[PDB]
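The chain below stands alone and is given as structure tokens, in the form deposited in one PDB entry.
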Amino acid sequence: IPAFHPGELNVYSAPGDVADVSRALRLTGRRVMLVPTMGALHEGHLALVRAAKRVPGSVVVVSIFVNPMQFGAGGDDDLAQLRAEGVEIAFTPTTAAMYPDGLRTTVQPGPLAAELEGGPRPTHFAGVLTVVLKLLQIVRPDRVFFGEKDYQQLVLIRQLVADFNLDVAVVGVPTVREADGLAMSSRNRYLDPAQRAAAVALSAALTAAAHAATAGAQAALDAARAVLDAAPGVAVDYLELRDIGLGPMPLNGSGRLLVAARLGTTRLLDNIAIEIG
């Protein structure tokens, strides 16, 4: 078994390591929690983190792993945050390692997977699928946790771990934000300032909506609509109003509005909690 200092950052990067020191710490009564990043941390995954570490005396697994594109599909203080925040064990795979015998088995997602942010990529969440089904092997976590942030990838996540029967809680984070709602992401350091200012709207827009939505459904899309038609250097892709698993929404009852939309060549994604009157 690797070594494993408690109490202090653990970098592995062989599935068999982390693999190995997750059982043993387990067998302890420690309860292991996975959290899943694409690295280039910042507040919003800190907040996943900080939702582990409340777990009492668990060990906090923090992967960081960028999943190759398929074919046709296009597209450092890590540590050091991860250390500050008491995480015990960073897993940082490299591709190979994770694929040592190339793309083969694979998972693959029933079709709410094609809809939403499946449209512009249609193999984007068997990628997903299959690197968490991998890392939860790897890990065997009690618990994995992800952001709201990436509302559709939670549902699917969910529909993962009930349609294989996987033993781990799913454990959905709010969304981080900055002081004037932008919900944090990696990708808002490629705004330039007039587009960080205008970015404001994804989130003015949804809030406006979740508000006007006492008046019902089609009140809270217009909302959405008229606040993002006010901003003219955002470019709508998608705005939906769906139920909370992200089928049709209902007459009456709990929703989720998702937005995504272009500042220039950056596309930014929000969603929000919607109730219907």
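Residue numbers count along the first chain shown, from 1. C-alpha atoms forming the largest set that superposes within 1.5 Å between two forms make up the rigid core. What changes on going to the form deposited in another entry:
- Following superposition on the rigid core between these two forms, the residue from 249, 51, 213, 231 with a C-alpha displacement of 2 angstroms or more is 249, and no other.
- Comparing the forms between these two forms on their rigid core, the Cα displacement of residue 69 reaches 2 Å or more.
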Contents of the next structure:
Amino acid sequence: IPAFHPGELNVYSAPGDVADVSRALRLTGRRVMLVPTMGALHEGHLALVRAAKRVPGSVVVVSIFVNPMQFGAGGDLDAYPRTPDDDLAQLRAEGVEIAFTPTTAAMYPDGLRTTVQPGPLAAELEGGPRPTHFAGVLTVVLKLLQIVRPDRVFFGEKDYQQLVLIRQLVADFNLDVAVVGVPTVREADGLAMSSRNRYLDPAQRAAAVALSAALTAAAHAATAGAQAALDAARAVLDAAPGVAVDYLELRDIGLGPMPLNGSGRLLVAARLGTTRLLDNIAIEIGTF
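Having seen the form deposited in one PDB entry, could you now give me the structure of the form deposited in another entry?
Chain only, nothing else included.
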């Protein structure tokens, strides 16, 4: 075990350091909570931190790691926002005791060798045109789960397809961790918080309310059925200046090879200028 100062933020870069500290905490009865992030923290991330915090006896580990493996080449990785000083300041303000900030060399010392191959869900929606993205996510999350060995791991409903795929990972590899989904944090007007929102200029920011407005319109229209819900969403998106829809799909909640019934998830992705935004919402069909 390296130094651990309780009630203070401890920052570890070495996998072995955080693994030792986590083990030592776990052996003395603390329950270790893990919150994977790519940094540039905002209130969406803090909702996961707080959910973790409220677990009785919890120690909270927030990982910050802009994982190269889930980026496709073409400057996306270099372009990802990095604000380490603000991130650690926020974690201190939240009472988090552990930040895990690994280097690329420590996570990938052998490059890409053994990796996780996700199931067919990874080839759809976000994965359609980024066929390796979710292998990247599931590989790093598996590694983080093995390094930290948390009792529970926290993921946002914001990245709902990611959340579902993490549940598949946990189920399919018999991982002894509880996956906790945390509801999407929104701005006052409905805009889902994201580190990419900083790339919307004033006009795009105004137009971007249409994604959440479309989804919530759809959620309410859904008493009248799937077609009514989808066409409500399309009408709002269509009314929105310079929103280019990539997809809008209503699926069963597991997003799996199962047709939609009473409970679904409506998912949208759209481009505003160069910024790709995502949102999703629970949908109940024929239910008021």
